[PDB]
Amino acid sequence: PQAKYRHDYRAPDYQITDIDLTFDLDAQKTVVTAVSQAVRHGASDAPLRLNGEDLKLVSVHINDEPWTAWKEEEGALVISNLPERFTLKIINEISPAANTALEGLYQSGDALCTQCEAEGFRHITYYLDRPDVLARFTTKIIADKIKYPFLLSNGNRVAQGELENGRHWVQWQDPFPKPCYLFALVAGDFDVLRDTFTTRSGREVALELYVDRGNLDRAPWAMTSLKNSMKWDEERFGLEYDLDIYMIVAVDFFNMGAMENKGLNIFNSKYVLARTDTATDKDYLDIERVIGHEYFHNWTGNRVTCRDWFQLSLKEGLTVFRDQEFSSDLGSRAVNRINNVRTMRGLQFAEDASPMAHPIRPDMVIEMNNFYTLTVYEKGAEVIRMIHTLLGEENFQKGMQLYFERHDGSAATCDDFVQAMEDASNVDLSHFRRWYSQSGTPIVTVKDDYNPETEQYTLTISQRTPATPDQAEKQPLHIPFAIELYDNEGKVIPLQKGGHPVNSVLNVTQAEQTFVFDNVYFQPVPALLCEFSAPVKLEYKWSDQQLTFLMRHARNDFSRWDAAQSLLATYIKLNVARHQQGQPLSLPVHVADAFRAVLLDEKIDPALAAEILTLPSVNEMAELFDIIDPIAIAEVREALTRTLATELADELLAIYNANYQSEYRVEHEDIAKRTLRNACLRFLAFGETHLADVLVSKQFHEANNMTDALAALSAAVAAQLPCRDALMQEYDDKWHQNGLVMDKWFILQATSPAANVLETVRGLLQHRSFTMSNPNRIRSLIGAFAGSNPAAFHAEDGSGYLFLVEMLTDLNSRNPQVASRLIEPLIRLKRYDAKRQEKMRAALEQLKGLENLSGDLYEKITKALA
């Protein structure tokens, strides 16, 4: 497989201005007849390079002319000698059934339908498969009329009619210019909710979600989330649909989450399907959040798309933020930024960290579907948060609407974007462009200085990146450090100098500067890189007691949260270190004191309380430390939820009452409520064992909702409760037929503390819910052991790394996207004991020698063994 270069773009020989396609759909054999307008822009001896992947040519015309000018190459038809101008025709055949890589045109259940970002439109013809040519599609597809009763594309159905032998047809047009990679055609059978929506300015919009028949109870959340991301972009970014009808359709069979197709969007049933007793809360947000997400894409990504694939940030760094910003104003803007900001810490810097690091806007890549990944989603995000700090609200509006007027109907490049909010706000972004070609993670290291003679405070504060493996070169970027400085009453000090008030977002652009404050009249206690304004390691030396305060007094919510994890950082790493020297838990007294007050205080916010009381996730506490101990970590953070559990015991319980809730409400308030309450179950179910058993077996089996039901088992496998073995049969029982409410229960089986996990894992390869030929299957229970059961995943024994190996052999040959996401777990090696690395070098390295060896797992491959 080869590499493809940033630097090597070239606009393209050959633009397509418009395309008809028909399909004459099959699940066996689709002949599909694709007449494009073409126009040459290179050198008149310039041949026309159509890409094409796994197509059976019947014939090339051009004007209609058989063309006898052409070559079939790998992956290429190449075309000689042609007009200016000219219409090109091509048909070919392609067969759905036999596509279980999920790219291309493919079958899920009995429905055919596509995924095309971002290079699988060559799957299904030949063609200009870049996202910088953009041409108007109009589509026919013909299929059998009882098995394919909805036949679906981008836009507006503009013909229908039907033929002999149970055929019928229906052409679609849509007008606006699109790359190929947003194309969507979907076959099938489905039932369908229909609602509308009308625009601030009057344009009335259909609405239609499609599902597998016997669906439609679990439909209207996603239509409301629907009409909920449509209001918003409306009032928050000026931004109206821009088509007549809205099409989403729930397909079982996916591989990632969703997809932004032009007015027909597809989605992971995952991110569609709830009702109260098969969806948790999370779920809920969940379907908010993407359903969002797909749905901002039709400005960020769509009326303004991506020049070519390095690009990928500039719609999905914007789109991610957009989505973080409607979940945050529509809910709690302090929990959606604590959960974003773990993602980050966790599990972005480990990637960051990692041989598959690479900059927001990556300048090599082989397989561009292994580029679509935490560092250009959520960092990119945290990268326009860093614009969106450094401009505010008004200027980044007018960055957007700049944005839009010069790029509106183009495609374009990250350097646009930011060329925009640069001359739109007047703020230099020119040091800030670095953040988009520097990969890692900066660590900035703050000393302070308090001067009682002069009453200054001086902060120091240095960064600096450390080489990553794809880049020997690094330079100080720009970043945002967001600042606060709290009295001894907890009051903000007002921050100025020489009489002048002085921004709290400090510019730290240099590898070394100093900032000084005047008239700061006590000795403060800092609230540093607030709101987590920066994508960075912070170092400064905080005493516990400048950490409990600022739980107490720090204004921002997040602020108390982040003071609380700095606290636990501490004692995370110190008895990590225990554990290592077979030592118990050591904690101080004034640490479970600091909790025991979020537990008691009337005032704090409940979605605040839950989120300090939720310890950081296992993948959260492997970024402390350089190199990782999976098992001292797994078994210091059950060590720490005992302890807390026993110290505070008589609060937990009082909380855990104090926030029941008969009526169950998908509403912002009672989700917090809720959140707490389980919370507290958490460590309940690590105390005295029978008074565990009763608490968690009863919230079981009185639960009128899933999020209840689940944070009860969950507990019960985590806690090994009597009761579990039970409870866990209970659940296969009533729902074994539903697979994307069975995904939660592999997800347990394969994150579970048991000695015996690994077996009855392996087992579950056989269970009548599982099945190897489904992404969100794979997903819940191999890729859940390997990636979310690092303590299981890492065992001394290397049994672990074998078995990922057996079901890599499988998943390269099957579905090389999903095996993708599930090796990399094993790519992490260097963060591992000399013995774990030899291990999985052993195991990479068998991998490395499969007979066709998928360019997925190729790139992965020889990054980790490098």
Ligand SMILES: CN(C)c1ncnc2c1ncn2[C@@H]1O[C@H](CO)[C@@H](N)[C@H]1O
Given for the second form:
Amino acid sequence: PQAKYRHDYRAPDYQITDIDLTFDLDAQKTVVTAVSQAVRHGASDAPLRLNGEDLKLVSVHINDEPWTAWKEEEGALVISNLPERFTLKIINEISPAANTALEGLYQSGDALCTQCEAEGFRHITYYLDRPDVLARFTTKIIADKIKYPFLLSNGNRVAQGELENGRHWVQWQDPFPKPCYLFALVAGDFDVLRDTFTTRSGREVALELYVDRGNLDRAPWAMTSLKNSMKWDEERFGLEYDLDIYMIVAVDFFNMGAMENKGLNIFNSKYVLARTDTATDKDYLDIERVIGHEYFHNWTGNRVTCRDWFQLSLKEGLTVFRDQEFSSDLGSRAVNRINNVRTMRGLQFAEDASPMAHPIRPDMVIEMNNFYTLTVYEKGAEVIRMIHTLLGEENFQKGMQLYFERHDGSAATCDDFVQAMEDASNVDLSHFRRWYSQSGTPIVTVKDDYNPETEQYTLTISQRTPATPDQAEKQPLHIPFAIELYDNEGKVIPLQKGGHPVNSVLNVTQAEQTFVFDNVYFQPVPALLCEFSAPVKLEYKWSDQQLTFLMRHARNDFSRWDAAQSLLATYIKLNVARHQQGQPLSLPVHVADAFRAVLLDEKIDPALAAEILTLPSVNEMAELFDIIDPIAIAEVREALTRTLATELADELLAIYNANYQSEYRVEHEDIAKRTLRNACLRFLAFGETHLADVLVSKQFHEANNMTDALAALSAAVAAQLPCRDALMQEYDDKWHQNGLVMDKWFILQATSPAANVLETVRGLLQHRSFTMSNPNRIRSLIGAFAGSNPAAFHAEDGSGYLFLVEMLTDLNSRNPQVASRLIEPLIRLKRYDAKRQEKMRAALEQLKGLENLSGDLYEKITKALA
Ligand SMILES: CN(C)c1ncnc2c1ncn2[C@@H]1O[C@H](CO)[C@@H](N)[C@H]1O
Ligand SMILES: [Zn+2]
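Could you switch over to the form deposited with the named molecule bound, since the one displayed so far is the form solved without the named molecule?
Once more the chain from above appears, this time first in line as the rest of the complex follows.
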């Protein structure tokens, strides 16, 4: 499989302007007729090169003449000797029932549905399957009326009919030109939740959420969230929906999350279906996020699309930024920022230190489905956020507005977007552009000096990015470095120099620089990289007391949390080293006291307290180390929990009880109280065994919502409480028929600290609720084991690696996209000790040798073994 390169982009030799599709739908044999209107832009002698995969070609006509000047080649239909302008007619057959990869037209249960991003449309017909070819679609769908009463495509219905032999048809037209990755088709029998949204200018939009029969009870929150998304995009960004109908279809079989097909989004049901007994607060807020995200793409992705796939972050960085801003405005901004930074530092930085490292605008791709990454998405969004930091809201929105004025109805590049921001704001983003081309995490080192003679405070700030596997050369970035200086009372010291204010966002643009501040009347405590102002590792020699000072006094809630993270990091590192020498946890009294103070502080937001009382995950902890010792990290996390449980027992139980809520509401203040209560319950579970067992079992049985029930169940498994096996069986007996609810239970099984977790997981391959045909079940059992139980995955006997190789050997053939997601923990081998590296390398070597190795896995495996 051959790599493609960004620098190789060239405008297409032919465009398509209009495509009329007819589907004669059948799960075993679907016939596609595609009539395209084409224009040659390149040389007269250049053939038309159409992409296609696993298609049975029936016929090729050019202006209704059966064509003889063509050939099929791997992946392609090459058509020669064409006029400058012509009508192409292709007829071909495809087989949805055989499509286990879930790419193209496939079956989800009894429904037929599509996934076309990135390159799935070529699995449906021969086409210019590249996102700089925009065309107007018309789609006619013919099917059995009893099996497929609903026949959906993008846009509005223009024609409908009934045929003999129980077939019917519907034809759709979408006026907006689109690249083919935004094509969608759905056929099936559904319950339908119908609502309306009226835009601020008065356009009434019909909203339609399509769910499997008997799931309407789980649909209102998704609808609520759609309307919220629409309203917010109007309020914040000034953008209105542009069509008459907005359709969402929830399907159970889906490799991604959800997909922004124009006017006909297709969602994994995990990101739609919720009711209070089936879904947690986090589920509710994730549905809100993903509903938002796909809606937001209607502008950032659909009305302006991507010139080529290397520009994916153009839509994904900006749409994730928008989803974050949406959640943050509606909810707790600080809890959002905290959890997005946890993702960045715990998951994204690992990718940027791995063999799959890439810039947010990649330069080299083998399989584009491998580049829907933490980097492109979440780091992408941090890059957008940095532009927002540099410009301010008002200039940022002027940039947005210039971007749409210039590029609406076209396919654009990341550079176009930056230029629009630069030109609208008059802020120079030339250096800033290097964030798009350079991979890896910058390390920002900060030293400080306070001169009492002159009342000056000096920060000496250096940067460097280490080389990564993909790039041997690195250069300094334009790093927006936000600070705040605090006096001995906790009050912010005004920043100034030579009699003038200085902006608190420092422009860290060199390898080394100094910043001098005047009229600093007291030695300050600095808050550095405020709100995570750039996606970098910060090196500052913090005292413990500077960090507890910030926890008490810092103005922004994020800074209070971040200071707690910096204080814990020192002691996580200390205790991992101790664990490797067989020595028990050591924690200063003053550290425990800082967490006690947070528990008893009446003035702190409970949302913030809960996050400070949520220890860094085993992933966030791994980021603190060059070489990862996953057993030490897991055991240190447990011991730290037990230590705090003991030291803070009385305070934890008081706050647990104080935050009891008898009514359940999906409302942010309520959520905050509940997160705090369950944060306390986690520590209590790791306390004295009898009290723990009582508290946890009672919460599980008495809960009136899934948040509380699952928090108890997860604590029983994490602390290996007596009640665990009863409660787990209880859950299975109640919920086994409900795959989305059972996913939570598979995750708890896979992430268990029990010694026999792998045996349990293997046995669960045969569980009544598990199936290898469903990506959500696969992720929830196998994925969670490999990725979220690094202590068991990395068992010294190598059993974890062997288990993953077995599963990958199936999935490589069945569903390469899911396989490539699941191989990630093995490609991290260079972070582990030699003995583990040797076992992981052997596992990788085994997979490299598979018959019919997918491109998706080939790419990762070859990088890993280099
Ligand atoms: C370790 N890997 C592959 C991932 N770990 C966690 N989240 C991921 C990962 N790969 C992609 N994502 C998320 O998928 C979403 C897009 O499908 C992005 N939001 C990205 O974070
Ligand atoms: Zn997206």
